[PDB]
Structure formats: structure tokens, C-alpha cells
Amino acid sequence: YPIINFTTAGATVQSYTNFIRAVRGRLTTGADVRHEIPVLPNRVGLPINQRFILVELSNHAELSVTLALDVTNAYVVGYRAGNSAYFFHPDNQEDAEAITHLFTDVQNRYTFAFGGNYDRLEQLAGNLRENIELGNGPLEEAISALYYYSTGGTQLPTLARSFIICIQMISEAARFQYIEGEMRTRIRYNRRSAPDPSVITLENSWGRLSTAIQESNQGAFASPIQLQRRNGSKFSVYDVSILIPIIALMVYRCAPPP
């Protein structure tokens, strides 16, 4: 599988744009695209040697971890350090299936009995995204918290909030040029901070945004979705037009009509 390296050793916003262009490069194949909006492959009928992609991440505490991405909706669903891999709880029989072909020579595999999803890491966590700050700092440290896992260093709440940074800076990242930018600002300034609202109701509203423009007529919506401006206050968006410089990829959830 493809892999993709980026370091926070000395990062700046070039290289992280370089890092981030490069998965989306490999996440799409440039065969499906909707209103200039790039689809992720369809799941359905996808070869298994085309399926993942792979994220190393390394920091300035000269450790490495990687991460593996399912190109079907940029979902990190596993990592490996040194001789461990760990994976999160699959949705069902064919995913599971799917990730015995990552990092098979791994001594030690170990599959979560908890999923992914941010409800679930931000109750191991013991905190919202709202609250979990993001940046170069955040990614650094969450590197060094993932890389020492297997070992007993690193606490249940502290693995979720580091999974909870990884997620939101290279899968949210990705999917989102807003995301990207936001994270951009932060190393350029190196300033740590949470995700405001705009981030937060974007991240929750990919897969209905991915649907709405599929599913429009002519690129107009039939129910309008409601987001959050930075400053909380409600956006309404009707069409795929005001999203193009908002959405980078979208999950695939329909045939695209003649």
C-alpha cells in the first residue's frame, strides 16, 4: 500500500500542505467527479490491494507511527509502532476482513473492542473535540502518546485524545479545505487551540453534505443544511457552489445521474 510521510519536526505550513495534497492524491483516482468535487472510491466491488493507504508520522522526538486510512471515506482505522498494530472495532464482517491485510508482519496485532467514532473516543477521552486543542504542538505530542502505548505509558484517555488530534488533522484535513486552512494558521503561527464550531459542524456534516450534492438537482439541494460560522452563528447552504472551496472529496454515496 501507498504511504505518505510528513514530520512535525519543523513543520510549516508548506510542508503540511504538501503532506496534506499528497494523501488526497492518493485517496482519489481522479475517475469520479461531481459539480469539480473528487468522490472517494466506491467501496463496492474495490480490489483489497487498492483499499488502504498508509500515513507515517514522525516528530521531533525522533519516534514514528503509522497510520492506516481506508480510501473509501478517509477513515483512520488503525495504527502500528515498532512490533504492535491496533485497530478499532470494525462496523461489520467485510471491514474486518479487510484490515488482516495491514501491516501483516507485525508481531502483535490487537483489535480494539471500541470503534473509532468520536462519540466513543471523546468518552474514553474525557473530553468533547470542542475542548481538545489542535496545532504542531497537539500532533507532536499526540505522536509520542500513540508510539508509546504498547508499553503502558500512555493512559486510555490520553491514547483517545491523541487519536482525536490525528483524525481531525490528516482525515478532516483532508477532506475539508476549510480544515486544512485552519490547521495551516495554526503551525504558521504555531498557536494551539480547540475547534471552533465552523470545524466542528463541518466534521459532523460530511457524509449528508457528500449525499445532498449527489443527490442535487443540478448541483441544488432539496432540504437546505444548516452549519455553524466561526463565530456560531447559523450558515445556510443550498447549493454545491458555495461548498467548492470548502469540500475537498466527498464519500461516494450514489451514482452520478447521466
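The term rigid core refers to the most C-alpha atoms you can superpose between the two forms while keeping them within 1.5 Å. Numbering follows the first chain given and starts at 1. What changes on going to the form solved in complex with its partner chain:
- After superposition on the rigid core, the single residue among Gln218, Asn49, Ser233, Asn190 whose C-alpha moves by 2 Å or more between the two forms is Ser233.
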Contents of the next structure:
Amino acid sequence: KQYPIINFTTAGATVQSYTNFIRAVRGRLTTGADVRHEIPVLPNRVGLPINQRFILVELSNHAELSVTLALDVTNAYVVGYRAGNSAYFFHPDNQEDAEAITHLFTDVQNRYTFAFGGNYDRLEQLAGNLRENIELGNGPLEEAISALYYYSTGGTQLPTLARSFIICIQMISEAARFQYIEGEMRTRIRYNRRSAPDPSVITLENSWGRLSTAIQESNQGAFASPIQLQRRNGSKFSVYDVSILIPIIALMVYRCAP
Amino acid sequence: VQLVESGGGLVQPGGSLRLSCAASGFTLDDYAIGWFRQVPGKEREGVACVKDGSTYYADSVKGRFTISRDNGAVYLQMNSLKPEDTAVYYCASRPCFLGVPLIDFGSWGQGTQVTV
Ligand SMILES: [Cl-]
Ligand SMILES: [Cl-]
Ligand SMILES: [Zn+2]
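What about the form solved in complex with its partner chain, after the form deposited without its partner chain?
After this comes the whole thing, all chains and molecules, with the earlier chain placed first.
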């Protein structure tokens, strides 16, 4: 919690306030000193001290309820959250990451590891819905904050919790990773809309790792192997070099030295 | 702490016990749960743990102990008990990996005593 905190509220959220927020999140995720073919890279986990491993996003809503998500700076993804005197973490994929996560919310007695990881395929199963059937927007994020808040006192069932994680991860982590997805959320906020993400957003989320690898292994930006994505109508298309992604992808996971 | 151990006691070698880990206000189904052992003079050792899709055991207890979920609780069925199994047993929500390492959040409760 001495980790850096970025605050956002859904109470009176605007295009501007959400933009300020996502830009602030990006600026705390990485210094931006490391850029490949114009795209910033997140810090290398190798060489990253534990006291720089995480950032905290404190979310508040119209009900003045507040929860604090923790993001891993190496991949911009949510690893867990605190509400009051309880905190909860996805089951990590390995022992090194699990050890790092013990450095989060250390003043909380009641810390828990969920049975499940935070990958979307499992969260969707637990939520009882796929990402394409879960609405995003200021309303959904407001609801997700309350759901995360009431989970420690028994007021939130697991499916609603998992849904709420899917909402937060996309509107925060994926929006930080992709200006495209930030823009998709800006449009929803602008027109006071809630709607689910279409295949163009889902396939970018799915392919973020693959895109990071393709860009960093490229020859002056030209991909060795095409990366496949989908358009809004679900038709498949291929990306063959970084230039078309410069307006689209804002952050990459570190894969190799420049 | 909310996760409470019960079921400890005295048995002879070859004997059996079933320990329970539960919370009065909520189901443990949503959480990764491990059973850990601490014999006097050392530090807590992973015995068995459960998460989504995986169960792991310490080599010491393979084929003798069983961890399972039922009744919103997590049980440790201990069979063919050896004197080497004597310890205070603790349950907690902790990560579950091969070899049941303890990657500790640091909050524990009273545990339950087992004597063989
Ligand atoms: Cl440490
Ligand atoms: Cl979907
Ligand atoms: Zn450490």
C-alpha cells in the first residue's frame, strides 16, 4: 500500500476523468524508457525489485464504497484486491509469483488465495458468462466495485464476483494495454452506454502476449509470423507488422532486450 | 482468523483420524486450502493442499493421507498413522503447488493436536 496508488471514481465519471485515470495507470506501470518500434515495454521481471513490483488502483463508486486492486507491473494484470480488513488473490501460476504477492496488503490479517486463477477462460466459467455477454461501461464498473466490496461480508456470490473481476480487468488492465480498448470504454462513457465487447476487443485481449512477442522479435517492425485477430463482425484477419498496431497497443510485456 | 481446525486426538499406530477445516460464516469451496503440520521445535510443513484442478501431497504422507472437499469444509483423512505423524495441524488459505510448499501470508489460528 506504500506501493503507488492511482484513484478512480465512477461517481460522475467522464471521458476526461477516465482518460486521466488510464494515462496515470500507464505512467505507474512503466517509465516508458524502453520502447520498441514506438511501443512502450513494461519492466523486465528479471531485475525488478519487489518494492517496485505492484501498483494499486483504488476504485470508489456512487455509494462511497472503495476497493483497491493490485496490478503486476510486469504484465499490467490484476493479481488480487483489498476491501477493508480482507484481501483476496487469484491463485498464481508459479511459486515466485505467489511469493511476490505476499508483499501486498501486509497489514491485512485475513488474506486468501482463491481456488482459481485470473485467466478469462476460468473467470468466465465461474461468472456463468463469457466476456461477449458481460456488459462494460461506467454502470458495470460501479456494480463491480460494490460486488467486490460486499464479498468479504457474504453479500456477493461467486458468479457475481467473477463477473466483477472480468469487468475490472478489461476496463483497467486491458484499457491500459491497448489504446483501442481505452477508446472502446471512452465511447461507452461518452454516450452513457453499457455493452459487451465485440470480437475485435476479445481477440486483442487474447493476443496481447503474442503481439508483444511478434513486435519485439520483428525485423525493423516486420513480423516473422503473422498474428491473427478478428474484426468487429468476427471475420479473421492477419497483422504482418507493427505499423498498424501503433494506434492500437500501448504497453507490451517484456520479451527480450532491445 | 476464520478458518478453524477440528478433529485432532490420540490414536495408535495404524490408526485413523479425520481433521476438518471450516468457517462458520462461509464455504471454503472458493479458496485454495492447505493442511500444514508443525512438530515442536520446527516450523510449519505442507501436508496436503487443494486448488482448482489439482491436489498435492507431501511425500511423507502419500498414499496414507487424503485431502478433500465436502460440506463447505476441507477434510484431511489420515490413515495408517505413524508416530512420525504426531504434530499440531493447521489449515489455511494458501497457494497449492507440487510438494506443498508453504508460501505464507502469516495468519494462523489454534490448530488441532494429533498424537500417534
Ligand atoms: Cl521476503
Ligand atoms: Cl466471449
Ligand atoms: Zn518476499
